[PDB]
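2 protein chains.
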Amino acid sequence: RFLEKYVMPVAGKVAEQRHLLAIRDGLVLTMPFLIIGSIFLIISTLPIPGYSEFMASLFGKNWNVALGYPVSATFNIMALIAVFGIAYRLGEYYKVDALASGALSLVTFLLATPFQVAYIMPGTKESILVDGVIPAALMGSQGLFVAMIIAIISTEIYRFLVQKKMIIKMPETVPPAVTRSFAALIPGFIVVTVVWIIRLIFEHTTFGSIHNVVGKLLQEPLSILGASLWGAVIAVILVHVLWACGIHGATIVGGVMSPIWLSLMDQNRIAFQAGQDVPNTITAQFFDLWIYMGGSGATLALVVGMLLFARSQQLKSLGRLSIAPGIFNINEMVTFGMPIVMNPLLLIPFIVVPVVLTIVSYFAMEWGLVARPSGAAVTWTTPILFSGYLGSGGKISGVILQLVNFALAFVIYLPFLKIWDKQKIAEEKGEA
Amino acid sequence: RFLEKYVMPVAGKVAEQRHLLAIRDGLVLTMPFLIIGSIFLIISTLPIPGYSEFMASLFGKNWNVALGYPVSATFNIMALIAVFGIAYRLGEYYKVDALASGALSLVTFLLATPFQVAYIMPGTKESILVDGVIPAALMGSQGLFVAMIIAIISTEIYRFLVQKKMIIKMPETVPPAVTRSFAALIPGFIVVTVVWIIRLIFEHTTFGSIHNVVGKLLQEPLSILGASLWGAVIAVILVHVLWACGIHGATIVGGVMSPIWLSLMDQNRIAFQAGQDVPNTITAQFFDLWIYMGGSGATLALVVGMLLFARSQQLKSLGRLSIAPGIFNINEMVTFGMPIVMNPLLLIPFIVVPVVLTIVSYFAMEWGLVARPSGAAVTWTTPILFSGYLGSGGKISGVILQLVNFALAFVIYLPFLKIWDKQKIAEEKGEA
Ligand SMILES: CC(=O)N[C@@H]1[C@@H](O)[C@H](O[C@@H]2O[C@H](CO)[C@@H](O)[C@H](O)[C@H]2NC(C)=O)[C@@H](CO)O[C@H]1O
Ligand SMILES: CC(=O)N[C@@H]1[C@@H](O)[C@H](O[C@@H]2O[C@H](CO)[C@@H](O)[C@H](O)[C@H]2NC(C)=O)[C@@H](CO)O[C@H]1O
Ligand SMILES: OC[C@H]1O[C@H](O[C@H]2[C@H](O)[C@@H](O)[C@@H](O)O[C@@H]2CO)[C@H](O)[C@@H](O)[C@@H]1O
Ligand SMILES: OC[C@H]1O[C@H](O[C@H]2[C@H](O)[C@@H](O)[C@@H](O)O[C@@H]2CO)[C@H](O)[C@@H](O)[C@@H]1O
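Just so you know, the protein sequences line up as chains B and A, in that order. Here the authors' numbering is used: the first residue of the first sequence is 3, the next is one more, and so on. Here the authors' numbering is used: the first residue of the second sequence is 3, the next is one more, and so on.
Worth flagging that the hints you see were computed from the coordinates, not collected in a lab. Be aware that a few hints might be false.
[To be verified] Here are the simulated EDC-like cross-link-like pairs (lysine to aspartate or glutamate), alpha carbons at most 20 angstroms apart as the crow flies:
#, chain 1, residue 1, chain 2, residue 2
1, A, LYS63, B, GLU205
2, A, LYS97, B, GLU94
3, B, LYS63, A, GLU205
4, A, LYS97, A, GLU6
5, B, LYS166, B, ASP279
6, B, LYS97, A, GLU94
7, A, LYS97, A, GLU18
8, A, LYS397, A, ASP279
9, A, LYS171, B, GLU334
10, B, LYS171, A, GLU334
11, B, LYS318, B, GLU205
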């Protein structure tokens, strides 16, 4: 409760920031997709004993290429969708035409990235080049850093222009569709012109693209801080001392760091679906499946410790009613019911348990004892045991990491919850 | 005024057809963009004396390449924009999640169009195959004819599932953003599973792909009817007998034809900026710039007449208050304001003059006497003389077709404009 005149005003200014908000929320537009694409991803890469052939007989030899189609349409397009989302949202926000702001930036994005791919002859400084081609790697996870930048730049200029009433003023008699279209025309024009001119500029620098300067000075070195151990710790430690103030750190931090956590995730995904070594430990589903187990503490453990050791009626019930939302990694019932939010005693293991589960989980995967995330974006709401297996692209070395973490949490919480249960049975006999 | 218990019910009912409406209004999203793209096009193609070289001196002998950037981000991205538009609208309609339905149909377009491009060295069956690319020829005009079939089919199925409550029931304490997503997760997944299959089928045919079967069976034949003289005369008649009932005929015919009218305008553009003879006569701007001159039916001519030969006190002040909007090709004040709309005097020239002007241009352009439309989509609101100039890519045989055309209307209207004015002074004196 006490150190809330230090964390909770800053936490409020961040969660209200319109730009991290616009990005954070707009990014949600991708989620159901990155999932749909993972059902196909992990139906074709599932390492079942008589599976690689099982499917071969029925379909054919290349039973595996079809199952790569949806993955193309979702995973290699993340930033395209994400660009609509973000602009559209920052659109709704500024009370401008959202449909417009969110298509303007679809267009703008494309304008920013070149419609051509160049093949080079190895160390010969000569080349051929395919044109009228949207490089489908500049759409994927490696571009949502420019998806942000340009969606935010476009929509921001776009709203400022309608708000400056710089607009085509169509006669009232003309249909309403007509009025809306021509309204946009002038801002729209000016926006593409700016982005265009921005391009031409980097078109004339060392880095030839927009995506390039942005990836060299931003996307790249930040992906580094991201897969850091300090990167995974400081994120997890922020994610929870936000919940502490009753905010949803998971989506708040998640919303800042996901442009990196799914870039890394994606890399792993590409390697995996080609029999290669999986490079990163820190992905999105790293935390989602090996740290955020019950929900936002290792809560699932705490909930089994109420359903097991809770003498009082107050908890024996809270744990009776919150294995379900817990089993699926949803925990509002606990953080807010126990409560854990703003609760001195319980807040201790609530912050500690995830760092201790991050450090552990982290190393297990480096030491190579425990598999890495395959990169299949399995959703944050996946039952603890099926989650670990499927997150390692079908590697049981991941199930044992969870059973391990589960056990670790179940013991760090236990003594803390005993101390609560006892405080609770006290006032439950109206003790004062 | 009597045969309007024959078409008045036919018209009205098509205007409320939910798919032709989704399409009609979805395409309006691509509009302002081609207007924007075209401003760049018609800059870097201006055949003005002492220009092509003047610019080359200031930026480089390679300047035309940059002004082809905005063009690629608009024109070559029609269908990609128009899938969102149609799917959204058609979703807005069914009162479902539009952002969803729209972002879903965009993902479904890209799923149905393959990320390979195949090149071939004639004769030798020698080839090179590029993976990881979106064929920009397919996001352009050549696609919007499947953009429809994919938005419609994808949205139709989508709302169906959502209405049957085939969704994921998330806990009520869980954030509303979390609730909206999984809500979509099942329908969305089923949706792609469908279209995906609809692909794997044609990837087993003489067609090989979706973009192909659709091109051959639908987009190619309907394209030739559209470029036909009848196709530019049944369509222009349809547009005016439809105003003869008070409905926006252009908007109706348009949003039902334009998937063809603006394929022809793209393939006039493909040629134009590669210095070739522009193939088709009939494009979107064939009508807007040479036929629909004042608005509904060379209305500008009939209006001019009122400013010149204004016997009555009313037609004199109607004219005084409708060349302003007439100049810009809006003519509501006239169609509805002196009631051409259901009146059977003014309706005679209202319907004829267009269908005249159409032939007196479809031949003027086949007889090579007048320049075909460059294919720069210049907006229908562009004033008369400049229109014929820019609409031809700077050729003057366009500024003349107008003059002859606007002259020609003036003398099919003048007799009626007189007859009417006659009536209006009588009933304004107190006579008969
Ligand atoms: C759609 C969406 O934004 N999903 C994710 C969040 O819901 C999720 O946070 C988790 O949400 C649950 C309900 O709101 C919470 O009970 C749960 O505690 C919470 N997880 C944490 C660590 O706080 C996270 C998952 O990483 O991010 C969003 O993407
Ligand atoms: C955005 C849009 O739908 N534009 C086009 C129409 O505006 C246009 O019709 C023209 O609109 C004006 C206002 O409603 C009218 O005054 C004018 O008479 C009218 N012209 C005709 C022939 O109806 C047409 C242009 O092709 O179709 C729409 O697409
Ligand atoms: O503190 C040593 C620690 O690591 C061991 O070996 C590791 C090594 O330390 C790492 O550098 C890693 O990258 O490679 C080795 C694993 O293959 C042991 O794995 C471990 O038991 C030991 O405690
Ligand atoms: O009625 C004759 C008409 O055509 C003339 O020559 C045309 C010809 O008719 C067409 O077949 C066309 O394809 O080629 C010619 C056009 O260059 C004249 O051009 C024309 O003046 C005349 O009215």
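Hints versus structure:
no.: 1; hint: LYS63/A x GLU205/B; verdict: holds, 16 angstroms
no.: 2; hint: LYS97/A x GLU94/B; verdict: holds, 18 angstroms
no.: 3; hint: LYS63/B x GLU205/A; verdict: holds, 15 angstroms
no.: 4; hint: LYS97/A x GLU6/A; verdict: violated, 33 angstroms
no.: 5; hint: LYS166/B x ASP279/B; verdict: violated, 54 angstroms
no.: 6; hint: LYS97/B x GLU94/A; verdict: holds, 19 angstroms
no.: 7; hint: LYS97/A x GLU18/A; verdict: holds, 16 angstroms
no.: 8; hint: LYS397/A x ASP279/A; verdict: holds, 13 angstroms
no.: 9; hint: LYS171/A x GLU334/B; verdict: holds, 16 angstroms
no.: 10; hint: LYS171/B x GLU334/A; verdict: holds, 16 angstroms
no.: 11; hint: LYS318/B x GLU205/B; verdict: violated, 65 angstroms
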